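Number of protein chains: 2
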Amino acid sequence: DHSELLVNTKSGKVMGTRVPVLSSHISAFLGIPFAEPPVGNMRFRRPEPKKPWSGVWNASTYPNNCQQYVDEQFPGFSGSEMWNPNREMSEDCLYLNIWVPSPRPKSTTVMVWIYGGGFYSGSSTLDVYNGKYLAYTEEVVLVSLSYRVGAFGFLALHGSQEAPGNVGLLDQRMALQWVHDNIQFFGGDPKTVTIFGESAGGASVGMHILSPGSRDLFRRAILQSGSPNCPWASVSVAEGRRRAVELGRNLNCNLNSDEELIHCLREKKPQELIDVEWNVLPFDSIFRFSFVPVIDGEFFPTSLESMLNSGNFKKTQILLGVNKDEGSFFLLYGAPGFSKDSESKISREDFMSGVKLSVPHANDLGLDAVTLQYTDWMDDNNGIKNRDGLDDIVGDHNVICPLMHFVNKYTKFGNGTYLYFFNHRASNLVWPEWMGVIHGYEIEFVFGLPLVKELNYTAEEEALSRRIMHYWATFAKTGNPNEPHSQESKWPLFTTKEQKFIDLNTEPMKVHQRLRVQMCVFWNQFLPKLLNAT
Amino acid sequence: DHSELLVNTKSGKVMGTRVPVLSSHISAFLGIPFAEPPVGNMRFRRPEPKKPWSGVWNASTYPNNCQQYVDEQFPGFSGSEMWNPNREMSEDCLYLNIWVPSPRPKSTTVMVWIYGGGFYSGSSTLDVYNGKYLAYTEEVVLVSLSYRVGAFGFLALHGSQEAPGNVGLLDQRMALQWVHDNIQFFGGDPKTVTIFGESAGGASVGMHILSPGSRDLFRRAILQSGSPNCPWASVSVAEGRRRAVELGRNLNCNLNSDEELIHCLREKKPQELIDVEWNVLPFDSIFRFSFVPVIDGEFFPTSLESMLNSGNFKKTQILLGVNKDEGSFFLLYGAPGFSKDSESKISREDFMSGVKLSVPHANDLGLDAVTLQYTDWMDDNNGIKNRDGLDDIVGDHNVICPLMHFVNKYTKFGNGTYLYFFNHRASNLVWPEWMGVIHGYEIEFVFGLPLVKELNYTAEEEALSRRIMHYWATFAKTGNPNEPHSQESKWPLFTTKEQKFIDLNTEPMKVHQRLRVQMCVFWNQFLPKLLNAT
Ligand SMILES: c1ccc2c(NCCCCCCCNc3c4c(nc5ccccc35)CCCC4)c3c(nc2c1)CCCC3
Ligand SMILES: c1ccc2c(NCCCCCCCNc3c4c(nc5ccccc35)CCCC4)c3c(nc2c1)CCCC3
Ligand SMILES: *[C@@H]1O[C@H](CO)[C@@H](O[C@@H]2O[C@H](CO)[C@@H](O)[C@H](O)[C@H]2NC(C)=O)[C@H](O)[C@H]1NC(C)=O
Ligand SMILES: *[C@@H]1O[C@H](CO)[C@@H](O[C@@H]2O[C@H](CO)[C@@H](O)[C@H](O)[C@H]2NC(C)=O)[C@H](O)[C@H]1NC(C)=O
Ligand SMILES: *[C@@H]1O[C@H](CO)[C@@H](O)[C@H](O)[C@H]1NC(C)=O
Ligand SMILES: *[C@@H]1O[C@H](CO)[C@@H](O)[C@H](O)[C@H]1NC(C)=O
Ligand SMILES: *[C@@H]1O[C@H](CO)[C@@H](O)[C@H](O)[C@H]1NC(C)=O
Ligand SMILES: *[C@@H]1O[C@H](CO)[C@@H](O)[C@H](O)[C@H]1NC(C)=O
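Sequences listed follow chains A and A', in order. A prime marks a further copy of an entry chain. Sequential numbering from 2 applies to the first sequence in PDB author numbering. Sequential numbering from 2 applies to the second sequence in PDB author numbering.
One should not assume that every hint holds.
Just so you know, same-sequence chains aren't split out, so a pair can sit in one copy or run between any two.
Within a straight-line C-alpha distance of at most 25 Å, the following computed DSS-like cross-link-like pairs (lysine-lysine) qualify [as the list claims (entries may be wrong)]: (1) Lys386 x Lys498; (2) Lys357 x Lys530; (3) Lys501 x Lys410; (4) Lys357 x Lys341; (5) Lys501 x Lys478; (6) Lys410 x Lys316; (7) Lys386 x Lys501; (8) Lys192 x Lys14; (9) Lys346 x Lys498; (10) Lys511 x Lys498.
Bear in mind the hints are in silico, worked out from the structure with no lab data behind them.
With the sequences and hints as input, model every part of the structure.
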């Protein structure tokens, strides 16, 4: 061995780079390969482990991002563009990044970040996912992985080994296997790996908790605004096959066999796929994504609900939560009457339109039930109430209530649950006020952006960020976000009986109980019963 | 003619009696016949007009009450016994009573009282229905009528002219015809007759508004805690026939034809019928009564809802309303966990039991919907909340929400609607506090009991009574409860757009809008849709 930036791993040697962070410096190993390029005939296939290399892999720069749909709704607007790929796209995109304190630790807590983006997009290289603040401030080794999205990751033709489904999740698993096998060389402890992620990454985290083939590869878990049972995070194998054939149909493929369909899809340029990906959804919907995880009998041995009910999952500690206005983004992008530069007060007809888009699988009685539950009939033409109503419908149904169902099912068998409600609206938010505390906007706090002066956060936002980062890292280290014997207020354990959680914001800690219970009884128990009966 | 107590009517002469009232005196003509005794072979038959008589009918004393079930739940307790027959019972019971100011007016406003009691009980002669205070204080001629209840009034074998159904309602119509024909001799104006009643009497009032054969016989209407469309106030002709045959079956009757069944029922003593009357209900229920009005194609030409929708009803002014805790009585008598001398905090299981009794025609999804609508899931074991919840369920479903549906349908075609919410709990109430403002407990205020010192009301309750009596009588006189050009606060008109109502209590008037709208959308629109689909 020779110097701090050189690490010899089981796949070969890697040379990283020294990075400044908050007046100090750490090491960064960017763009390390964890799988063979899933290109050509390996499109849609399971990933294969990266063949070891001779020489020194240069890991001074970010890798390519996976091939994906790029948002152009607000060209140049920082609010949207901060989510788009900031590197060239390529199918050659299975890489990971590691930020390591300096001096190199010996055996320290590891955190592995799994990006969101609806299973159709996302990048490990975004500015908001820069691991250097968290690695430096909390003294963790912070890994970000990547995985195939869209059809490249989730095209599913169950029965075929050429496009089985779930390959994106197997990408994530392979990176976790590599971390298990190699992170000791960077000074990480492979026995103390926390996986964490947001939205689709939060669902993904839950999915590794459930999947037998993944559970052993990590210790602990954090789920931010996402749950493995969310209504958008998986499809049946029949629905997967249906969408894959419809994809073929949109590209004039031969549909006579899997073999013909796959061969045709493998010859298309990546953009051809992405150009028609959104055409295969079965309903007029918002918060529904075309190529997502499939309940295949393999990655997931049975239905998610039967797994949760029977305790068929990894038993460990989890820390998880939701933002106050999870719905607002999806409505802005997808529902009539919502706009970025308006207050977006919603008429009764835009309301009813929005209900239908939000619960696309409901029949008419079901839509009446939703409408009744969320309408203030003493004031039914209030545009603000209609707007916020629909924001709650989308948030509750797609994020908060499936998370609460997960949390209640998990807590029965698990070894410690910590639950949060993030309701701080950042002082420098570029999105309009009506959108509130937006899906994804806790991530900048978790990654320490407010510690960076030039980004224009307040001092109280810096404090909030430091507190969150320290909850997250102390939890990853110990299974408990609270500092042993500190003076600070204690985040209590969520238990089956008392169902406690805390808010996360710049005000003194407040403990509450039974997060959105009234609505979640509707979404989790009554409505599914209504739709099954009718 | 000769003196004030002697009146010559079209049926013959009547001698009344002079009655003291509040330091003064008025005349009372008690127990005047309006139909032939509906006895023997006339049991279950339409009423026949009373044959005129020679000589002077002595009308100095109250008539017999109709044959009915007598409440013995709290023997001797004034709260219950004030509702029971206070005269001997007889099938010979079709009489009316008239209270007339002194000196005899010439042509004054007339108010005709139709008692409640679920169509199975009630009496014109109760102390709480004594018309002398209202007649004296407001200078109206106050009539109370009677009508056959239970099977005697409502046994229905559609197709037969021996027991057609609705004969009790035809009793009421015959008394109204007699008033139309004869009240001028008492100094009443037959062109200005208001019919008013409570619970089943309120439903009955609505029924005469709807029925073509009754509409012409009165001018204006007042409905207290009852609506013609209430779920307990009518049955289909198939359900009527079913219950009449089951009545036969309970009495070992021959069931081979209507002719045989009726003949057998006509030989029974009245008590035999009453002893088994409650056995014929199709469900385990509260707020459901065995022999009630039938939707026959004659009294009611079509379904009540089609009548209301098409404007097929008398167009006039109406004044109507509800009490705050309409449910409490039915729960006390009928639901587990409610008792008179306890606070009646209700367990979750007594709650679920009570929901089932309250909505006996719902399937299991429907019961889940009701449960969800009325349960505070942040506090679901609160015994007080469970108690009050069920009190609201019973009240909303059986009284307030059908009244609100009636009020909204009527107001579209009608000529002026005044709506109230009576929420004063009397200072001397003998029932427990949990029961609140009980079904029937506005009646003592409408009839002026609080003006009587010995009855132990407060001075503010006396004021309330006087205000109510004056609303009721000014409305009966003019079609508007408000005094032209007075200084007092104005009860506004309920309109389709603004849906205003007032509270009635001892505090300054408050105007509100959209009475229990949130719950009434559930009962009136969503739940019936849910039960029809499933
Ligand atoms: C986590 C991850 C990402 C986030 C995010 N990204 C921005 C979301 C990008 C919006 C594109 C939707 C159009 N979705 C589409 C797709 C296709 N075709 C389409 C064709 C027509 C219309 C829409 C289409 C094909 C490929 C798949 C997508 C944003 C937010 N939070 C996030 C939190 C908050 C607000 C702004 C955006
Ligand atoms: C308007 C009119 C009457 C009212 C009233 N009357 C008191 C209500 C009497 C309770 C009896 C129910 C049992 N109903 C029953 C019947 C039969 N059999 C039964 C057999 C078993 C059990 C019950 C039975 C046969 C005949 C029909 C009834 C009361 C109130 N408000 C009223 C307002 C308020 C509280 C106290 C009572
Ligand atoms: C998490 O699991 C640990 C250990 O498996 C639990 O700690 C045990 O608690 C039981 C009962 O209180 C004791 O009998 C054991 O001695 C404990 N084990 C150890 C090693 O401490 C702990 O209670 C679990 N935590 C939660 C929140 O369920
Ligand atoms: C009740 O009916 C009366 C009369 O039928 C209504 O008064 C009429 O109002 C219309 C339109 O404002 C006028 O053209 C008539 O001249 C009025 N008639 C009389 C004789 O006054 C009255 O508006 C109705 N009230 C309600 C509340 O609907
Ligand atoms: C590694 O490759 C990157 C690619 O841009 C380059 O910028 C850098 O100079 C290279 N460093 C070394 C040590 O080869
Ligand atoms: C911070 O604020 C300045 C001054 O208004 C502004 O010009 C700049 O764009 C902001 N910087 C960032 C990184 O948002
Ligand atoms: C009328 O009959 C009643 C019946 O009790 C009786 O009390 C009263 O004395 C009679 N009065 C006359 C004038 O006959
Ligand atoms: C009125 O109050 C008195 C004194 O306590 C009581 O004894 C009496 O029963 C009450 N009277 C009535 C009519 O309720």
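Can you give me the call for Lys410 and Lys316, within, between, both or neither, at a CA distance of at most 25 Å? within (12 Å within a copy, 59 Å between copies)
How do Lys346 and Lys498 come out at 25 Å by Cα distance, when the copy is not named: within, between, both, or neither? Answer is between: at 22 Å across copies they meet the 25 Å cutoff, but 39 Å inside does not.
Reference check for the pair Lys192 and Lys14, CA-CA at most 25 Å: within, between, both, or neither? within (23 Å within a copy, 107 Å between copies)
At most 25 Å between C-alpha atoms: does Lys386 with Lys498 qualify within a copy, between copies, both, or neither? Result: close only across copies, 20 Å inter versus 33 Å intra.
25 Å Cα cut-off: does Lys511 pair with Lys498 within a copy, between copies, both or neither? Within one copy only: 18 Å inside a chain, 43 Å across chains, cut-off 25 Å.
Between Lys357 and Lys530, at a C-alpha cutoff of 25 Å, which is it: within one copy, between copies, both, or neither? both (18 Å within a copy, 18 Å between copies)
Tell me, please, which holds for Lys357 and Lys341 at an alpha-carbon limit of 25 Å: within, between, both or neither? Classified as within; 21 Å inside a copy, 48 Å across copies.
25 Å Cα cut-off: does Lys386 pair with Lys501 within a copy, between copies, both or neither? between (28 Å within a copy, 22 Å between copies)
Evaluate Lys501 and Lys410 at a C-alpha cut-off of 25 Å and name the case that applies: within, between, both or neither. within (15 Å within a copy, 47 Å between copies)
Using 25 Å as the alpha carbon limit, work out where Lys501 and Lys478 are close: within a copy, between copies, both or neither. within (22 Å within a copy, 62 Å between copies)
Comparing the model with each earlier hint shows no violations; every hint is respected.
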